[PDB]
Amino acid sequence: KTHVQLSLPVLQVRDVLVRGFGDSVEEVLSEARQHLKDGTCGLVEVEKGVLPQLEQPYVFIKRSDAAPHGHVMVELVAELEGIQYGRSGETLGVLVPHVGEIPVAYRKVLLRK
């Protein structure tokens, strides 16, 4: 399938134990995709002061369309020193590894895989 229905745990930035996916744009996009597939990916909602508490490169999920079965269609865009790799809509949040942190909510997305 080109798209996969996922329910992503929404984590508070100060709870997150592993604050990024790795060290290159290519690695973080790779790792993000692997964690999304394995159900080990959390979502942090971006507000004032959130991104400086996470590790670059960042992986965003961005709205790709204006929502089958409640699932917002999204795609992955990476960022490193203010340059983005990808072009998409509005940010739903930043992806991070999930290692058992307690979520505050779940974000239903349809991920272009």
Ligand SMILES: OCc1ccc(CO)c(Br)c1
The other form holds:
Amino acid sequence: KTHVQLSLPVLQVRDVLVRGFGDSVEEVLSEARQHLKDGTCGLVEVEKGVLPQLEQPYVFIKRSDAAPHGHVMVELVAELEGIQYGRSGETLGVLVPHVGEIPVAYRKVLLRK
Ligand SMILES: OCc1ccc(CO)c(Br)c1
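Moving on from the form solved without the ligand, kindly provide the form solved in complex with the ligand as a structure.
Let's see the whole complex now, leading with the same chain.
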């Protein structure tokens, strides 16, 4: 399937234990996709003060369209030193590894595998 329905745990930035997916744009997009497949991916909502508390390169989910079965359609865009790899819509947040942090909410998304 070109798209997969996922329910991502929304984590508070200060709870996150592993604050990024790796060291290159290609590695972070790779690892983010693997963690989304394995159900070990969390989401941090981007507000003032959040990104400096996380590790670059960043992986964003961005809205790819205007929402089947409650699931917003999204795609991945990485960012490193202010350059973005991918072009998409509004940020829904920044992806991080999930290693058992308690969420505050769940965000239903339809991910373009
Ligand atoms: O089942 C969730 C899932 C499965 C495969 C891929 C491949 O990219 C992704 Br992303 C997410």
